[PDB]
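Based on these hints, arrange chains B, C, D, E and F with the ligands on the given structure of chain A.
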Amino acid sequence: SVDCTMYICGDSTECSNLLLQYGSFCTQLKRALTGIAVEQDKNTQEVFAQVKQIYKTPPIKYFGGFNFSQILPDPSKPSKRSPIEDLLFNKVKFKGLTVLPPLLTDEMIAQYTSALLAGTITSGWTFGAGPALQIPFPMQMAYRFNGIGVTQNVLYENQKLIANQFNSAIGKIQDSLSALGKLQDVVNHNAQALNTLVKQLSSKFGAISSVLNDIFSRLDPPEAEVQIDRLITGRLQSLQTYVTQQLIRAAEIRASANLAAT
Amino acid sequence: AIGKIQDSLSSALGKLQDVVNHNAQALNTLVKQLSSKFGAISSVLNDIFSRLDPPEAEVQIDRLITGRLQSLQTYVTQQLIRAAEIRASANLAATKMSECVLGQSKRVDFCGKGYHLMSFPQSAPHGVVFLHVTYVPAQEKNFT
Amino acid sequence: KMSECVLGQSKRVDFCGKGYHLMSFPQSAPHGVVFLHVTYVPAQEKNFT
Amino acid sequence: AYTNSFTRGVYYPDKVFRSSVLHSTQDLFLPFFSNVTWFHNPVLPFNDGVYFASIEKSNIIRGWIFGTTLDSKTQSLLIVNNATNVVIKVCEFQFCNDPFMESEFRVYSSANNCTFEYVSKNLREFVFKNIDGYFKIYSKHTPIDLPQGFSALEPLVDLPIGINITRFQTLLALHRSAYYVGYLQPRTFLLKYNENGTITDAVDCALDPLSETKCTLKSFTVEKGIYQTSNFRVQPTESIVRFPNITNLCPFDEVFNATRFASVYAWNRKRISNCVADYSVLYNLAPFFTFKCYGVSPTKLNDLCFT
Amino acid sequence: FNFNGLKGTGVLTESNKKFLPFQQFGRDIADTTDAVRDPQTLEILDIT
Amino acid sequence: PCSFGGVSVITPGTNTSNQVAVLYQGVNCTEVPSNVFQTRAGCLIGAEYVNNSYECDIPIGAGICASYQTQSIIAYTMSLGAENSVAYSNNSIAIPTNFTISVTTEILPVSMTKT
Ligand SMILES: *[C@@H]1O[C@H](CO)[C@@H](O[C@@H]2O[C@H](CO)[C@@H](O)[C@H](O)[C@H]2NC(C)=O)[C@H](O)[C@H]1NC(C)=O
Ligand SMILES: *[C@@H]1O[C@H](CO)[C@@H](O[C@@H]2O[C@H](CO)[C@@H](O)[C@H](O)[C@H]2NC(C)=O)[C@H](O)[C@H]1NC(C)=O
Ligand SMILES: *[C@@H]1O[C@H](CO)[C@@H](O[C@@H]2O[C@H](CO)[C@@H](O)[C@H](O)[C@H]2NC(C)=O)[C@H](O)[C@H]1NC(C)=O
Ligand SMILES: *[C@@H]1O[C@H](CO)[C@@H](O[C@@H]2O[C@H](CO)[C@@H](O)[C@H](O)[C@H]2NC(C)=O)[C@H](O)[C@H]1NC(C)=O
Ligand SMILES: *[C@@H]1O[C@H](CO)[C@@H](O[C@@H]2O[C@H](CO)[C@@H](O)[C@H](O)[C@H]2NC(C)=O)[C@H](O)[C@H]1NC(C)=O
Ligand SMILES: *[C@@H]1O[C@H](CO)[C@@H](O[C@@H]2O[C@H](CO)[C@@H](O)[C@H](O)[C@H]2NC(C)=O)[C@H](O)[C@H]1NC(C)=O
Ligand SMILES: *[C@@H]1O[C@H](CO)[C@@H](O)[C@H](O)[C@H]1NC(C)=O
Ligand SMILES: *[C@@H]1O[C@H](CO)[C@@H](O)[C@H](O)[C@H]1NC(C)=O
Ligand SMILES: *[C@@H]1O[C@H](CO)[C@@H](O)[C@H](O)[C@H]1NC(C)=O
Ligand SMILES: *[C@@H]1O[C@H](CO)[C@@H](O)[C@H](O)[C@H]1NC(C)=O
Ligand SMILES: *[C@@H]1O[C@H](CO)[C@@H](O)[C@H](O)[C@H]1NC(C)=O
Ligand SMILES: *[C@@H]1O[C@H](CO)[C@@H](O)[C@H](O)[C@H]1NC(C)=O
Ligand SMILES: *[C@@H]1O[C@H](CO)[C@@H](O)[C@H](O)[C@H]1NC(C)=O
Ligand SMILES: *[C@@H]1O[C@H](CO)[C@@H](O)[C@H](O)[C@H]1NC(C)=O
Ligand SMILES: *[C@@H]1O[C@H](CO)[C@@H](O)[C@H](O)[C@H]1NC(C)=O
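Residue numbers (the entry's author numbering), protein chains in the order written: chain A, 735 to 826, 854 to 939, 944 to 1027; chain B, 930 to 940, 944 to 1076; chain C, 1028 to 1076; chain D, 27 to 66, 81 to 140, 153 to 172, 187 to 210, 215 to 247, 264 to 393; chain E, 541 to 588; chain F, 589 to 621, 640 to 676, 690 to 734.
With the rest of the complex left out, here is chain A:
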């Protein structure tokens, strides 16, 4: 969120009466940025908040062999993240600019993910269409092979082999991590727009100076109104560029959130 008056004018009060003479440009900026701010929380709810109840796994945590400890939460942590989630988060104020916090904390998101994991491992896909119906996991895997055209005895006669091979295959995932460039790019693109927006305040745009107080200190009002009006136009153009790009870039992350929710 950008404070239009503090970005353009900046502290000065003689400027505020001049900025009012350009109409509702500062109202448009606030409305446009609020639209983005509301959609970004809805994007997250649609991807993760697809479960009614918060499911938990049973204490034993032994599902016919298959070992899921690398994707289930670690009870010996303040954050209750999984071992793989701990790796995933280890790789990625100014002149009127502020950053608002998300509505959902990352603890709350972790609770949606653990509910999806606990629902699936114990009831497969039945809880997404109604009540959760328990079935042993080994039998869940056998139905899944049937869905791809493999006869179900292939699992039941080879249950140990598939469970042991799976456990190593999932174990290799950490080695490939210890990738997330698509997540760092989102951070970089916004950091670059905020670093550029601030740097554009040190530009004269063809005026005598770039500071709205220094103009007055060494110039009469009749001519100072012209010099300040040039700087206002230049910095107002900066805000229009910034907000237009945030709308175009927010449509791209929204399309990605729709794919992730799907």
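There could be a bad hint or two in this list.
Here are the simulated DSBU-like pairs of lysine-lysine, each with C-alpha atoms no more than 35 Å apart in a straight line [unchecked claim]:
1) C:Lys1038 with B:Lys1045
2) B:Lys1038 with C:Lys1045
3) D:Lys195 with D:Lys41
4) B:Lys1038 with E:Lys547
5) B:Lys964 with D:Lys41
6) C:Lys1028 with A:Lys933
7) C:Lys1038 with A:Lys947
8) B:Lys933 with B:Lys1038
Pulled from the structure, derived: some chain F residues nowhere near chain A, Cβ distances all over 10 Å [as the list claims (entries may be wrong)]:
9) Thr618
10) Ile651
11) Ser711
12) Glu725
13) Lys733
Since the hints were made in silico from the structure, they are not lab data. Just so it is clear, CB atoms sit at the ideal spot from N, CA and C, and this is done for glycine as well.
Just chains B, C, D, E and F with the ligands now, with coordinates in the frame of chain A:
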């Protein structure tokens, strides 16, 4: 179950109301820019061409042209940005029309919540309403 | 479409051409791709009880 | 005594008809829920306009007097109304210190240089203001501590006098055989017009939070949610100007008052350092000095510094 | 047309608005003049 | 810098009440100049913070919402949902014996106005 739809709608069309209202607010915002100076002596051409000689009035007219042109060019850019979104929504509505009404889909949470049986379209002022009929299991018991 | 129409058989209605999808073949174009969709269409219905 | 106004001192800001349009205006009003003095008399200040209400079926209040000194040697206003009709007059007067058969008008004893003439329970409201030399009066007479309600006041007269006002007094009918004074401040309201063109409601946009939300949304009904309405800015106190030391006056004397200047081809350059110049010593000596500054004036840089 | 200072262009027609007995002309939403009163005959006319 | 930030007003709607709470965004509650509550999103004044957990009504941020329930105005931490414990075992199954037909709607915009 069909008889209850009427209560749920009468007590709901927010997605259609917001797109109509948002566009009207942008068009009214465009008109409100015709009463700003944009760094000029006035906003009325009958005052710029009446208290200035031609070499002095040209400067004030350019200030109004620049301000009003900038506002109109902003208006049209924002419509291109919104136009891509309604088109994307229409492509989703066209996809559901084929896959939910002219067929039975297995895609999860694409044609309602439950197991898709059938869907019926209804027209709306600037969009389409789908009535999704799904199968939902109930009253489970445990067995061995 | 390349994965779901050419590298497999789709059941999505109208997604891979009009009719019951059998197969697709890609062709290149100067700045795009052209799909040839092969579909099965029934004909000549009769009445029964 | 003092009393509490509720929603009083709202007047039609101008002509211009209008229908259902929550219009936003900035002007001089009486703030809502304000502290209005009560009188049962002494000269009061003016400062910027006046609200004046009163209650009484009979007519005890017999006009007002306005001006800067309320005395001779300068112009003043005099507004009276006998049982006939209102008679405004603008002259230089000499007012009794206590101004007040059935014979009356012992108010003044001089009427020189007149620049304007004119001839022609119960709640009688008035708003007096003086802007760009115009002395406007709003009023309304509605039959029945002030009560509680809303009613917009209509303009009656507009007088292009030009006169300045800084103080005023009142005139009362004595016994021989109660009024209010508010003041106006620059505020912002959101005014609701009906289809008949009258103001039916208002919101004071500088009163409480809620009202700021209504004004920003341009409505009188706010839906549940959270709205950004304004901003918080801490303010600085005191002005601390630091420096190490040193002191002296810049030797401009020896430059301007030199007995001989250089030839232009061999122009002379005096470098200045470590002194305090009062550039206001210059500018003076008007008969043939010419000053022509490029990049700044001579008033603004006297509060500036250079290496 | 020009009505004692109000300069504009348009078609004048009989109105059905009712001004207050001190108002000369009316404006619409977005603040554009849409009705005036004739100084001589005191009748409200719309401007389209 | 000498602390600045947005000020937002939390309202239940004028058709419910005229009570309001005010959030000073990223302002410390010691530098503002009853009910003063410090949140990671700023300083909240005029709402009471409770230890219960409800469904989110008016979202403030960082897991905190406000509601008109306890009346008065309160703040709290949202509830994601109930808590279900599936009776899982290595030889138990649940099978439905009945079902219901359900009907839902979905609304999608297709067009806009041509200007
Ligand atoms: C699930 O896999 C984890 C490893 O990913 C197992 O935990 C490790 O077990 C080995 C011995 O087999 C120990 O040397 C490691 O110290 C263990 N790691 C940790 C973090 O404790 C775990 O035992 C497996 N679970 C089951 C039921 O086999
Ligand atoms: C099946 O039988 C029906 C009648 O039960 C046929 O309907 C005919 O439809 C044509 C128009 O296509 C009408 O002009 C005729 O009047 C109808 N006939 C009767 C008896 O009602 C239908 O054509 C038959 N279908 C096929 C494939 O032969
Ligand atoms: C500015 O003036 C003050 C006052 O003369 C200077 O203060 C002196 O500083 C020296 C060094 O610390 C001391 O030994 C003296 O006793 C100080 N004088 C007094 C009266 O306190 C100060 O140094 C000057 N600043 C500069 C930059 O020259
Ligand atoms: C302005 O003057 C005209 C005459 O020039 C007035 O017109 C008269 O209007 C009344 C009705 O109001 C008629 O009964 C008269 O017959 C009109 N006179 C003529 C000569 O036509 C008009 O009323 C005047 N306007 C005002 C506001 O006084
Ligand atoms: C399936 O049987 C289990 C028991 O084997 C039932 O789960 C128990 O239900 C009681 C309440 O009736 C709880 O107090 C226990 O804590 C439950 N046990 C566990 C492990 O969660 C369950 O209700 C039965 N399901 C159905 C659909 O009847
Ligand atoms: C399956 O559930 C339905 C209800 O969803 C049962 O039908 C109800 O039966 C009761 C008792 O006879 C009636 O009072 C209701 O009117 C019925 N509802 C409807 C919608 O018809 C049905 O009996 C159940 N089936 C079985 C085998 O138990
Ligand atoms: C009005 O202000 C005076 C001080 O100027 C104070 O004594 C009085 O109590 C105030 N009135 C009200 C109603 O607050
Ligand atoms: C009313 O007062 C005015 C004051 O100037 C005076 O001229 C006029 O004669 C008075 N009328 C009567 C009937 O006394
Ligand atoms: C005002 O009256 C005085 C005499 O009282 C006179 O000297 C002066 O010229 C008058 N002013 C004007 C503007 O007539
Ligand atoms: C009113 O007084 C101010 C000073 O307070 C002065 O500058 C101004 O010229 C005066 N106005 C008139 C009309 O005399
Ligand atoms: C004044 O407004 C009321 C309420 O809308 C309406 O009924 C009435 O007709 C109006 N009066 C006139 C003279 O238009
Ligand atoms: C020097 O300048 C000062 C100030 O302008 C003036 O008082 C003085 O007369 C000047 N000296 C001479 C010799 O002109
Ligand atoms: C809004 O007010 C109407 C009465 O004007 C009432 O019927 C309705 O229940 C109110 N809505 C809420 C949410 O209180
Ligand atoms: C506010 O300041 C106090 C110290 O005065 C500090 O203890 C507290 O943590 C600060 N609050 C925030 C939110 O930074
Ligand atoms: C909420 O519970 C904590 C302990 O978890 C306690 O310290 C705190 O006082 C409680 N808050 C209220 C408002 O009772």
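Here is how each hint holds up against the structure:
1. C:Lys1038 with B:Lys1045: With a Cα-Cα distance of about 20 Å, the restraint between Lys1038 of chain C and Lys1045 of chain B holds, given a limit of 35 Å.
2. B:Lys1038 with C:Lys1045: With a Cα-Cα distance of about 19 Å, the restraint between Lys1038 of chain B and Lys1045 of chain C holds, given a limit of 35 Å.
3. D:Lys195 with D:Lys41: Given that 35 Å is the threshold and the Cα spacing comes to 16 Å, the pair holds.
4. B:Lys1038 with E:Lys547: Given pair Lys1038 of chain B, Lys547 of chain E is violated - Cα atoms ~68 Å apart, limit 35 Å.
5. B:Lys964 with D:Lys41: holds (21 Å)
6. C:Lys1028 with A:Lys933: With Cα atoms ~31 Å apart, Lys1028 of chain C and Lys933 of chain A stay inside 35 Å; holds.
7. C:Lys1038 with A:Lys947: OK: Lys1038 of chain C and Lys947 of chain A at ~32 Å, within 35 Å.
8. B:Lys933 with B:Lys1038: holds (26 Å)
9. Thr618: For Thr618 of chain F, whose nearest Cβ neighbour in chain A is about 18 Å away, the distance exceeds 10 Å, so it holds.
10. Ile651: holds (18 Å)
11. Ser711: violated (6 Å)
12. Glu725: holds (14 Å)
13. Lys733: Holds, because the least Cβ-Cβ distance between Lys733 of chain F and chain A comes to about 22 Å, which exceeds 10 Å.
Checked against the numbered hints listed earlier, the structure breaks hints 4, 11; every other hint is satisfied.
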